[PDB]
Structure formats: C-alpha cells, structure tokens
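A single chain, nothing else alongside it, follows as structure tokens in the form deposited in one PDB entry.
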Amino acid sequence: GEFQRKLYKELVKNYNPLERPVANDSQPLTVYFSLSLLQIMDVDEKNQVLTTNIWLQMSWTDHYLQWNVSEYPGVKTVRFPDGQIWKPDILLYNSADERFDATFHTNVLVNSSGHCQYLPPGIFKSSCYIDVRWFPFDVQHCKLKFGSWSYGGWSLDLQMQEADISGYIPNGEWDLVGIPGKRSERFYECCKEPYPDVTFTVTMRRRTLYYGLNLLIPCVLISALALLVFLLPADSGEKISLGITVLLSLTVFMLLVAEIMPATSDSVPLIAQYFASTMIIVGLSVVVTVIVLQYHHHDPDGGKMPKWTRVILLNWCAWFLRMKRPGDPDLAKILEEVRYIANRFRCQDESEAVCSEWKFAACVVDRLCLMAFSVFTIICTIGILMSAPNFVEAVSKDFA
C-alpha cells in the first residue's frame, strides 16, 4: 500500500542504528526482560552443560519511531529486520556455546507510538555446576545470567518480568520445580553507576524410576543370590565357582554402570558407596567360603581339634543354632589274618568318625556366617539408600 510505503520511507530518514533512542541523553532507557521456558532438552552431567529451549522477551519505548494513525490509515504496526534499528545487546554471560550469541535474530514489531517487542528464539547451552552427591536422588539449581554487554545503568536499566511456563513441555527424565528470578544491582569501584541484571535459576528434580528399576533392583538381586553359597552343601564342588561367577557378574555390572556418572572428585556418589559395599560383601563371602572349604576337607590324620575351638563351635553354636550333631597252627594263622583285617577296619571307622566331626564343624560355621552376612547386607543396603535426603518424596512421586 502507498500509505505504508510512504510511512516506511519517512521513518528511516536520518536514522542511525548506532544511537540510543532517548529524548534526553542524560537519562537511561528502560528495557523489560523476561523468559518463556519451552523445553529442557539435555542435562549433561559429565561436561556440566544444560541445554534448553528459550524464547527471550524484550520491550522498550522508542522516541523516533512514532507516527499519527490518521495520517496513515490502515497501518498500525511496522516490522524491521536485523541491522536497521537499534536493539539491546543482551547476552547470556555464562554461555558454553561456540557461537556466544545462540539467538535467531527475528524481526522487531513496533507500536504506533514507539513501543517495541523482540522475541528471538534459540537453543541455549549454559554452564552450571552439577552435584551428584545424592545421585540419582539429586536436585540441581542451574543458573542463567542475562545482562547488557556494554551499556550502563545510567543508560540502560533492565527490569525483570516473571517467567512464563505456560508452553512448557514436560520432560520424561527431569521434573521441573520452578524457575524464579530477581533483579540485582552491582556497583563498581570508580563510579556510582549501578549495573542491573536479571538472573533466572532453574530448579529441577530427577525422576528416579528408570535407575531404581535398572540398577538398584538387579544389583541387589545379584547380591542376594550371592548368599546362596552358604546353603549349598560342601560335598558338591560348585561353591567357589558360584561365588566367583557372582563376582564376575558384579564386575560386568560395574562395567555397565561406569559410563553414567561423571569423573568428579569432590564427593563420593551414593551409587559408588553402595556398589563398593556390595562388592566388599561378595569378596568377604568368597573368603568365608574358602575358609569353610578348607575346614571341610581337613585331613583326618592332621592336628586334632583344639579344645577351645571345639567347645566354642560344636557346643555353643549348636546350642544357638539348634542343630544336632550326627551321633591247628593253620587255625592260629587264619585267626591272626582275620584279626589284622578287623583291626584295619576298626582304624578306618574311627578315622571316618574323626573326619565326620570336622565336617559337622564346617556345616555349623556355614550357617553362622550366612546369618551374619545376611544381616550385614540388609542393614547396609537399607542405610545407604535411606541416608539420602528427599528419598521418601522421590519414592512417593516416582512410584505412586
């Protein structure tokens, strides 16, 4: 239309995009800043980078871009592209992107009275410290710092508007708690100039269903299965094989899990503590199984049971465990032969009884060690998990 063509011709006359559009040069220009969170794409634990989808919101009043609607009927708003009008240089201070300005520069919508709007979308990759002390029950507070790169408070004073979460898309791995923010003023040393900024901090809570189903349950199941060695009779030769195979499975699960948590060194993760406890328990179980095996295959002709060990185990433990311990010249010549055979059989029988007593001693230490290790593992696996804060809330939310 000729009206809007004339308006466009008149507006850009003697216009400098390098000039702050204010009526009085000694007064600042008010700029309103806000956010519109859309999607939390990736929370990188290893490299400490949070990737989000954000719609920036800026608004300010211009002095030169005004006109009378009556003179130009039918046209109410005009649009200007990049590099033709002045716009604030608001930048994310703590960015972690190769292109520091990750905003797709769109048009600028203008009032009939100078008010401007600017909503550049973009995917931001900030840098926030991530704590995994209570992983996978952690709650993080990542920050987004925004401010003018070169303008001062006496020239450009930012104002904060409450963040928008209306169009937020829920994420299946992180539960958003809230995104508060507040305006802050930072004075300098030389000069009384304030330097306003708007900082938005994101609070999100990890959803624990996936890890609780794929790591805690299977690992505790293998740990429980490792206790069966104490219920296996020593006559079969599968005790050490079974124990070492559970150890191998635990090592494989360690290999599977090693790639998730980062390489931090500020605090030992809860998953690391629990896995160390489990592997130590399994190793101790293997040691006990070896001791029991060396008790069972004890040589009957070796040293006899010491009185202290006998009275300690076979009496006291049996009392506590409620188990019962099992239990003519030719005529002379043949007489000596049968006597020798009978005495040989008698010696064999007494040696067999001597071996049986050691077998019973091994069988009675086995159940004691079973009870001890069962109590140890249940207590450890309860305490380690219940130590972490907000565990009850996490299991109330992600399981019910």
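If you superpose the two forms and keep the largest set of C-alpha atoms that fall within 1.5 Å, you have the rigid core. Numbering follows the first chain given and starts at 1. Compared with the form deposited in another entry:
Candidate set 119, 293, 177, 123; criterion, C-alpha shift of 2 Å or more between these two forms after rigid-core fit; matching residue, 293.
Residue 104 shows a C-alpha shift below 2 Å between these two forms [criterion: core-superposed Cα displacement of 2 Å]. Relative to the superposed core, residue 79 shifts its CA atom by less than 2 Å between these two forms. When two forms of a protein are overlaid on their rigid core, residues whose CA moves 2 Å or more are considered shifted, and residue 144 is not one of them between these two forms.
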Second form
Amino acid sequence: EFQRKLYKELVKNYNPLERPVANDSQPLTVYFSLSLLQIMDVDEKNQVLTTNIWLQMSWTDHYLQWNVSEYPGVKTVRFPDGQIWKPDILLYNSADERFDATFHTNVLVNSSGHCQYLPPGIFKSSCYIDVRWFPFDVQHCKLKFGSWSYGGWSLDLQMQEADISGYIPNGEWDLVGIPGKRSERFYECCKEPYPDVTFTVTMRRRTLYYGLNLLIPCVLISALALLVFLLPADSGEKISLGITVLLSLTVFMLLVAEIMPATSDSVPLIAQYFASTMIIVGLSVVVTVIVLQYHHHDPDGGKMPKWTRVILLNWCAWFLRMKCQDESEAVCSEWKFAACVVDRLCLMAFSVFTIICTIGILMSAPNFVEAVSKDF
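Beyond the form deposited in one PDB entry, can we have the form deposited in another entry?
The text that comes after this line covers the one chain and nothing more.
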C-alpha cells in the first residue's frame, strides 16, 4: 500500500536528466570508491587487466525524500536503469570492446535522499605492463574513473577508501595495495576542468609458478649441456648432445614470447637470462668443436704450437692436476691430451659463467629478495 503510494508520488514530474541538486549553481557531491573482489586475469600480451569490481557511487537526490511516519515500514526504495538520475562515471582507460562493462543494477535510496549505487562489473583496463623485471615484476595498473560529461562545478567527485574486505586472493598476484588519488585536470577539448579518481592497483607477481616452470628447468637443462665437457670425444655424441640441448632451450624462448608483450621499452629479465644461457651453450658448441678438432687431428698435419704446448699441457694441465706409427700415436695422444685439458678448463670456466650470470642477472631485480622470501 504505502510502497505503491510512495512510488507513485516520487515519479511525479521527475526527470532522470536533471541533476538532482536543490541549488543549481552548486556542484553535486558524489562519493566514489570501489570494492575489488578479484583480479581474474592479467593478460600481459595485449596489456589488459581483468578485475571483478563493485564500484561504489553514493550521492543525494533532493527529490527522493519522504517522511517515514507517513509511509510506515517503507524505509528504502529501488529504481532500475533509466528511471533515476545516475552519475555517468566511466573508466577512462577501458579496454573492453563495449568500453563500459558495468552491469546496471538498482539504486537503493533511503528516506533522507542518500542514494547508494553499487554496480558490479568485469572491467578491462589498458594497463602499461612494466615487464622489465618479469617474473620478479611489480605492476602498477591504473583504473581511472571520472564523470564523462560533468565538470567540477556540476559533479564534485570525492574519494572514499577502497574496499578489500571481500577480496578473494588470486594465486598469481599479491595485491600490495590500491592507493587512490583525486585529481583536478584540464583537457584540450574543453575549458571546464573535469575531476577524476585514479586507483593504482599495485600487484606483485608470485614467482613460484614461473620459477619452477622456467628458471629451475632452464638451469638444469643448461647443466645437461655442460656434461659435454665430461663426455669423451670417442663417444661421437658431443655435438649431438650439445646442439640438441641448445635447440631444446628454444622452447622456453617460444613460451616467453607466447606470454610476453611485443614491447621495446626494455628487454625482459627472463629474456636476458634465456639469451645469456643460450649464447653460453652456443659457445659450448663452438668450444667442443675445437676440442674435436684437437682430438681428430691428422698426425702428419701441422705441428703442436709451442704456445699451446705450454698454455695447455704445462700450466692448465698442472692447475687441474691431470698429468714410426707409434711416434704418431704419441703425437695424437698429445693432441688428444690437449683436447682433455680444454674440456676441464672450459668446464670450470663455463660452470662459473653459468653460476655468475644466473645469480648476477637474477639479483639485479629489486624484488628478488622479497620474492624468494615470500614465495619459497
């Protein structure tokens, strides 16, 4: 009864186009915030952020005010889309094909006129993904909200603190905070300024997944390449093993390309690590070819260079604690012994290069210590 009567009275002469102020000259205060429920996906290749968001827009309709003593029990009303004035707060940097992914729901008003509007939505935002440090990367993705067609003299946008009470963790991202800021900006279209609210979603990538799936396997497959320097040359599989492992590491670079965006702002840390390891494996291929040339040397070819006969069979040989047809066998054994010395020297040197480059590149990430401590 009273609900029917009140609904009939509240729509007499009501125009959903009129801004609901008592004094037309004064701006209308709109309190804006959001509740972030989940970060569903961050597809870095297209530079878009998908979030489950409950935007919270509250304002006051001067006309939707009733005296509850005259409408007993009726303390709130609800109006669907198109029947009540609403703030046209859009996401400026939207990436959704429709550009406005908000789902239009009811506006709950009470007896005093305070309007509460809590549209749910899946919002896609064009976020610049700083991939410099991936997988140890921290992203600051902005969600910029503002009235599309109302300036400061008409819609006085005000900020309320973001809600994360109902947030459900993701698995891949540690929300470090959603600090917000209210700005008063001027635009090259118009003279009246337009205020905006920008929420900076700060998220730290949890590195266990990519860590176990890319870094640890890469390290140990690069380690399978370093076994070539312990394999004997007579096996006739040095080049096979070495080249096969190198061409196997290409799969990791392919996967990164499937994940990463095609941006030239910087070179990804994962990319530098894959590049450094794979170039070192290629150098292992070059050096084993040299070992095989020393090993398979025609005895009646060139003589042993004195430089080599001392730099390998005297110094390096001692450092590592190694130590007519039959004269040629001695000669070839000497050439084969030189091949053995090169194997051990480069084994040690390439082992250290692997150790340094791996540790040196990974600790250049600011977030490395935080990462290893929180995620392992």
